[PDB]
Amino acid sequence: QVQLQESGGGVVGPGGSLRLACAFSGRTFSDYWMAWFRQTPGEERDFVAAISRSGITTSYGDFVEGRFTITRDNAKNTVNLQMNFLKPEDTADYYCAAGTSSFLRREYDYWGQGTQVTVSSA
Amino acid sequence: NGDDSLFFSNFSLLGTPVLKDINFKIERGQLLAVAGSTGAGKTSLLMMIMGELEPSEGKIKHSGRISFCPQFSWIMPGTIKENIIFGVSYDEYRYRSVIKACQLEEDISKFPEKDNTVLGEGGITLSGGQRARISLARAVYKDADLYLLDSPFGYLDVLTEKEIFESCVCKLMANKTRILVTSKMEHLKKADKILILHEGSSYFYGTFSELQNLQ
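Protein chains in written order, with the deposited numbering: chain B, 1 to 122; chain A, 423 to 637.
Please keep in mind that the hints were generated in silico from the structure rather than gathered at the bench. Please note that the accuracy of each hint is not assured.
Mimicking DSSO-like on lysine-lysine, the simulated pairs with C-alpha atoms at most 30 Å apart in a straight line are [as the list claims (entries may be wrong)]: (1) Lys-584(A) to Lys-522(A); (2) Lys-447(A) to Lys-503(A); (3) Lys-76(B) to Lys-442(A); (4) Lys-584(A) to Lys-76(B); (5) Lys-447(A) to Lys-76(B); (6) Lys-536(A) to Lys-76(B).
If you want a taste of the chain A side facing chain B, the calculated C-beta under 10 Å gives, among others [to be verified]: (7) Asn-423; (8) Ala-566; (9) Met-607.
Pair ranges (Cβ atoms, derived) [to be verified]: (10) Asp-443(A) to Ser-120(B): 40 to 46 Å; (11) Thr-69(B) to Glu-585(A): 41 to 47 Å; (12) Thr-460(A) to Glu-44(B): 35 to 41 Å; (13) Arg-67(B) to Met-498(A): 25 to 31 Å; (14) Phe-63(B) to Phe-508(A): 56 to 62 Å.
Quick reminder that beta carbons are idealized off the backbone N, C-alpha and C, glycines included.
Full structure from sequences and hints, please.
Pasting the structure below:
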């Protein structure tokens, strides 16, 4: 019975910065862990970031190499993804997922609508 | 499948009286050696770690991903084999190797009904070290993505304590993810990463080489 809604997408320059943000609604946010994914049209789905129920444990995609940071506000019911040093290849639709499974073997039970991020060299 | 790194950033947010300012990484198939003073918060940290990676509220749970080995050796009513398996399907080759690595082969054989020797409220009583070896065998038998081993060595001579660390923790579990709360400097030398706690905080995270360079 949960529902998610992403925001923060847009078009920054090559080597820019952007902050995505999802909205958990309909149930207790604290019970769910969060995750971020991306879809570069034509290419495969890419895991971006994941955060535990409290926010003490995180894990990122091999391609982040330190650039992105996943945060959450259990009181205001939002998960935020801070992306820095965005290179043009990071252009993709960023989806947010929520699950209530083991953090070691994650089952992404719910998903968002995706927000478009574009890294235009021009 | 598995995230090759888990970044824990508990800056006195969880279990605030005991734990405060612990930051560390855990990577696949690495031996993390948790060490420190008595009041460091080693068991509290393993418990904290567990409460983050665990399924939430009422979920089917199915196969569990964390395998915990407490300090207090537990013995449920049932056979020596049932206690080790602990619900999980039996496999002779998986079981026999776990028994040999946990050095229980000779101990089990001398007993009357062997693997089917019943323990608990209706059956035989056990040695301090024998309970600890069953408690460790039970934990290593479970195929889990992560292994939390809170002082798995207790009431064991340094001859068997260093033989079980070598055969079970380093040779058998070579590719599993371990978090082993240990004291001995020999355990720290064979570790991939060393976490040293002090009064609830993380003071050192690194390798035995970096540790000896800093001191």
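Need the list of violated hint numbers for this structure, in ascending order. Going through the list in order, the structure violates hints 2, 4, 6, 9, 12, 13 and 14 and respects the others.
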